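Chemist: If you want the building blocks of each chain, they are given just below.
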Amino acid sequence: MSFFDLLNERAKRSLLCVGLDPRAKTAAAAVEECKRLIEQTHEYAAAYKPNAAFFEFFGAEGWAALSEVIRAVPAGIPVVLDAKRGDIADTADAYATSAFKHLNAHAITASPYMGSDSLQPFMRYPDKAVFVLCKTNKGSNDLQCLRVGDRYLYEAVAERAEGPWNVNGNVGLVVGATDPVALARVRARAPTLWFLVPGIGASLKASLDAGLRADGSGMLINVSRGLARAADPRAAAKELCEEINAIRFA
Amino acid sequence: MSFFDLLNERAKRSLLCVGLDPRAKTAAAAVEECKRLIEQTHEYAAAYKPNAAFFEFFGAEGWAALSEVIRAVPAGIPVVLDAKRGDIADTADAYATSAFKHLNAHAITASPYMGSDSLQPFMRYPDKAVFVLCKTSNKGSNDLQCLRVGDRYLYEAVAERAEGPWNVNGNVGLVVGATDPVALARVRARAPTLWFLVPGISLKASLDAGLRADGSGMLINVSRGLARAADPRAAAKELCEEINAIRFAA
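Protein chains in written order, with this note's numbering: chain A, 1 to 250; chain B, 1 to 250.
Incorrect hints may have been included.
To be verified - DSBU-like, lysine-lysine: derived pairs with alpha carbons at most 35 Å apart:
| id | chain 1 | residue 1 | chain 2 | residue 2 |
| --- | --- | --- | --- | --- |
| 1 | A | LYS101 | A | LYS35 |
| 2 | A | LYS238 | A | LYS138 |
| 3 | B | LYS101 | B | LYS35 |
| 4 | A | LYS35 | B | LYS25 |
| 5 | B | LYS12 | B | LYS237 |
| 6 | A | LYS138 | A | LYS25 |
| 7 | A | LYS138 | B | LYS139 |
| 8 | A | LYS238 | B | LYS12 |
| 9 | B | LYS12 | B | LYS35 |
| 10 | A | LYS205 | A | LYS138 |
| 11 | B | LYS237 | B | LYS139 |
| 12 | B | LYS139 | B | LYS35 |
| 13 | B | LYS101 | A | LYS25 |
| 14 | A | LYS238 | A | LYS35 |
| 15 | B | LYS35 | B | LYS204 |
| 16 | B | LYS237 | B | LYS204 |
| 17 | B | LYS12 | A | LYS101 |
| 18 | B | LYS204 | A | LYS101 |
| 19 | A | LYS138 | A | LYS12 |
| 20 | B | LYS35 | B | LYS237 |
| 21 | A | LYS205 | A | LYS12 |
| 22 | B | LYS12 | B | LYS204 |
| 23 | B | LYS101 | B | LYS12 |
| 24 | A | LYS101 | B | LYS237 |
| 25 | A | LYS101 | A | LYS25 |
| 26 | B | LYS101 | B | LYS25 |
| 27 | B | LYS101 | A | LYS138 |
| 28 | A | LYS35 | B | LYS101 |
| 29 | A | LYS205 | A | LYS238 |
| 30 | B | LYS237 | A | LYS25 |
| 31 | A | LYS101 | A | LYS238 |
| 32 | B | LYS25 | B | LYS139 |
| 33 | B | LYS35 | A | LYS25 |
Because the hints were derived from the structure by calculation, they are not lab data.
Let's have the full structure, built from the sequences with the hints guiding it.
Modeler: So, in structure tokens, the structure goes:
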């Protein structure tokens with residue numbers, strides 16, 4: 001089962017991605033915190049997204065904690081390591097081996113800035129997925145909205161992803177929820193790719209109308225604070241999952 | 001004791017940055033390998049650049065190994081953690097705290113793709129430097145970096161931002177490859193004062209294109225050329241002296 005095999009099975013029930021961004025002060029407490037959130041939300045989760053930086057923060061024990069948390073994700077539910085990596089050759093190979101073999105995540109996020117051969121070391125794993133940063137925060141304007149001919153830079157990234165980068169059919173894009181016009185533009189350039197969509201908790205219907213594919217799928221909607229800090233995380237995930245599906249059905 | 005205070009002092013003697021990219025198969029062996037290379041090269045090193053991916057590869061033991069290797073670098077020689085990070089908000093804050101406080105590196109490398117607010121969490125440390133990816137030498141450089149924005153390349157637009165709006169704390173540098181001196185000269189034209197971290201040496205042409213008016217502002221990284229030299233001590237001495245001979249020449 002590839003990442004997308006697992007995701008497409010989950011997508012029959014949910015498009016909700018649950019962020020694992022522990023607020024705990026120690027690695028041990030972080031593990032327990034994440035395990036509890038998994039227990040409460042897995043029935044309504046399409047994926048989990050552990051925060052690579054939050055785990056690195058704990059130092060030595062942080063790695064082990066991340067591995068333990070990934071192990072705690074029920075079989076059948078894919079894990080996207082939000083590590084936003086980008087380098088080349090042996091260095092990129094080492095990041096990919098760490099994420100995919102050592103930590104056993106099913107997917108990673110990656111920067112497009114160094115281009116095709118910076119992305120190849122991740123994308124060469126046919127059973128893993130690579131979500132490439134496309135449209136994201138206020139700094140988006142700096143580079144992403146620069147005009148490269150008759151399109152924005154973020155559109156140029158989209159055209160490569162739904163295009164020559166997708167050798168193993170395992171490329172996705174990171175496309176933010178807070179900009180529905182941009183979301184629609186990316187979907188027009190890349191009509192078949194899965195989007196990882198953060199920032200809903202920073203409009204649900206607008207995002208889905210702009211970003212869903214023709215099949216009513218293809219958006220993985222990430223929520224972190226709205227679930228982790230909820231009075232009832234299970235009920236919050238259930239409600240979000242159902243809200244998304246109601247829109248898909250209509 | 002800022003990064004640039006340390007670097008300016010070292011630049012009186014050297015512009016050589018020594019990569020720490022261990023080939024060893026265990027964390028413990030990697031530490032010893034790096035310690036040996038530091039011992040052989042420190043008299044001629046302006047900086048050390050540990051490979052964040054290579055240390056992450058060793059998992060739990062990896063972080064501790066990286067911490068130990070950084071601590072092994074003589075007082076007075078700055079450490080650039082080559083991590084190429086880029087994220088937003090609390091996540092970027094976590095990467096910064098990890099690199100600058102927990103690991104006690106003096107500088108980090110970072111992707112520009114998510115723009116100003118993705119870089120601010122690193123740049124807010126006035127005593128730490130942030131080397132932002134600008135122009136890299138790999139084939140993928142064609143994909144984004146060499147796209148045309150108005151009458152210039154994307155990498156020139158990045159250089160302008162870095163020299164201009166981004167450099168509020170005077171701690172921004174750029175990563176600029178040695179393999180194209182024409183591009184290196186374009187970057188120096190857009191960014192007359194910034195330090196460049198220059199991987200992958202074309203030594204004379206690179207220095208002619210990239211040095212500032214003061215004969216400084218380039219940090220020349222060497223990895224394989226030193227670590228795999230029969231005599232790394234003599235290799236570092238020779239490279240340091242060759243760089244300086246070019247700097248001295250009218």
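Chemist: Now look at each hint and say whether the structure bears it out.
Modeler: Cross-check of the supplied hints:
1. Between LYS101 (chain A) and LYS35 (chain A) the CA atoms are separated by roughly 21 Å; this keeps the pair inside 35 Å, and the hint holds.
2. The suggested pairing of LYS238 (chain A) with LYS138 (chain A) holds, with an alpha-carbon distance near 31 Å, which does not exceed 35 Å.
3. A hinted pair counts as satisfied when its Cα atoms are at most 35 Å apart, and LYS101 (chain B) with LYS35 (chain B) qualifies at roughly 21 Å.
4. The hinted pair formed by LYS35 (chain A) and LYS25 (chain B) meets the criterion: a straight-line CA distance of about 32 Å does not exceed 35 Å.
5. Restraint check for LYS12 (chain B) and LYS237 (chain B): satisfied, since their Cα atoms lie roughly 15 Å apart, inside the 35 Å limit.
6. Note on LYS138 (chain A) and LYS25 (chain A): the hinted pairing holds, with a Cα-Cα distance of about 29 Å set against a maximum of 35 Å.
7. Taking the CA atoms of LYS138 (chain A) and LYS139 (chain B), the gap is near 30 Å; set against the 35 Å cutoff, the hint holds.
8. Using a Cα cut-off of 35 Å, the hinted pair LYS238 (chain A) and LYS12 (chain B) is violated, with the two alpha carbons roughly 63 Å apart.
9. Of the pairs offered as hints, the one joining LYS12 (chain B) and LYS35 (chain B) holds, with about 24 Å between alpha carbons and a cut-off of 35 Å not exceeded.
10. As the CA atoms of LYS205 (chain A) and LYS138 (chain A) are separated by approximately 22 Å, the hinted pair is consistent with the 35 Å bound.
11. Between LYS237 (chain B) and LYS139 (chain B) the CA atoms are separated by roughly 31 Å; this keeps the pair inside 35 Å, and the hint holds.
12. Restraint check: the Cα-Cα separation between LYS139 (chain B) and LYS35 (chain B) comes to about 33 Å, which is no more than 35 Å; the hinted pair holds.
13. The hinted pair formed by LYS101 (chain B) and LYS25 (chain A) meets the criterion: a straight-line CA distance of about 16 Å does not exceed 35 Å.
14. Proposed proximity of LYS238 (chain A) and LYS35 (chain A) is supported: the alpha carbons are some 18 Å apart, at most 35 Å.
15. Of the supplied pair hints, the one linking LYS35 (chain B) and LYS204 (chain B) holds, its CA atoms being roughly 30 Å apart against a limit of 35 Å.
16. Simply put, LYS237 (chain B) and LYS204 (chain B) have alpha-carbon atoms about 17 Å apart, close enough for the 35 Å limit, and the pair holds.
17. Between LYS12 (chain B) and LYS101 (chain A) the alpha-carbon distance is near 45 Å, which puts this suggested pair outside the 35 Å criterion.
18. A distance of roughly 42 Å separates the Cα atoms of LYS204 (chain B) and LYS101 (chain A); the hinted pair therefore is violated under the 35 Å criterion.
19. Note on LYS138 (chain A) and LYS12 (chain A): the hinted pairing holds, with a Cα-Cα distance of about 34 Å set against a maximum of 35 Å.
20. About 18 Å separates the Cα atoms of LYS35 (chain B) and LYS237 (chain B), which keeps this hinted pair within 35 Å; it holds.
21. Distance restraint check for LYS205 (chain A) and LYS12 (chain A): the Cα-Cα separation of roughly 19 Å lies within the 35 Å cut-off, and the hinted pair is therefore satisfied.
22. The straight-line distance between the Cα atoms of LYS12 (chain B) and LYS204 (chain B) is roughly 19 Å, inside the 35 Å bound, and the hint therefore holds.
23. This hinted pair checks out: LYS101 (chain B) and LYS12 (chain B) have alpha carbons roughly 27 Å apart, not beyond 35 Å.
24. Distance restraint check for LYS101 (chain A) and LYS237 (chain B): the Cα-Cα separation of roughly 40 Å exceeds the 35 Å cut-off, and the hinted pair is therefore not satisfied.
25. For the hint linking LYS101 (chain A) to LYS25 (chain A), the alpha-carbon distance of about 28 Å falls within 35 Å, and the restraint holds.
26. Only pairs whose Cα atoms come within 35 Å are accepted, and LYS101 (chain B) paired with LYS25 (chain B) is accepted, the gap being roughly 28 Å.
27. Distance restraint check for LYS101 (chain B) and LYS138 (chain A): the Cα-Cα separation of roughly 26 Å lies within the 35 Å cut-off, and the hinted pair is therefore satisfied.
28. Proximity of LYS35 (chain A) to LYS101 (chain B) is assessed by CA-CA distance (about 28 Å); at most 35 Å being required, the pair is judged to hold.
29. The hinted pair formed by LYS205 (chain A) and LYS238 (chain A) meets the criterion: a straight-line CA distance of about 17 Å does not exceed 35 Å.
30. Proximity of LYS237 (chain B) to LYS25 (chain A) is assessed by CA-CA distance (about 46 Å); at most 35 Å being required, the pair is judged violated.
31. Restraint check for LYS101 (chain A) and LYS238 (chain A): satisfied, since their Cα atoms lie roughly 32 Å apart, inside the 35 Å limit.
32. Restraint check for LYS25 (chain B) and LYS139 (chain B): the C-alpha separation of about 29 Å stays at or below 35 Å, so the hint holds.
33. Our distance criterion of 35 Å between C-alpha atoms is met by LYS35 (chain B) and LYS25 (chain A), whose separation comes to about 32 Å.
The structure shown violates the earlier hints numbered 8, 17, 18, 24 and 30.
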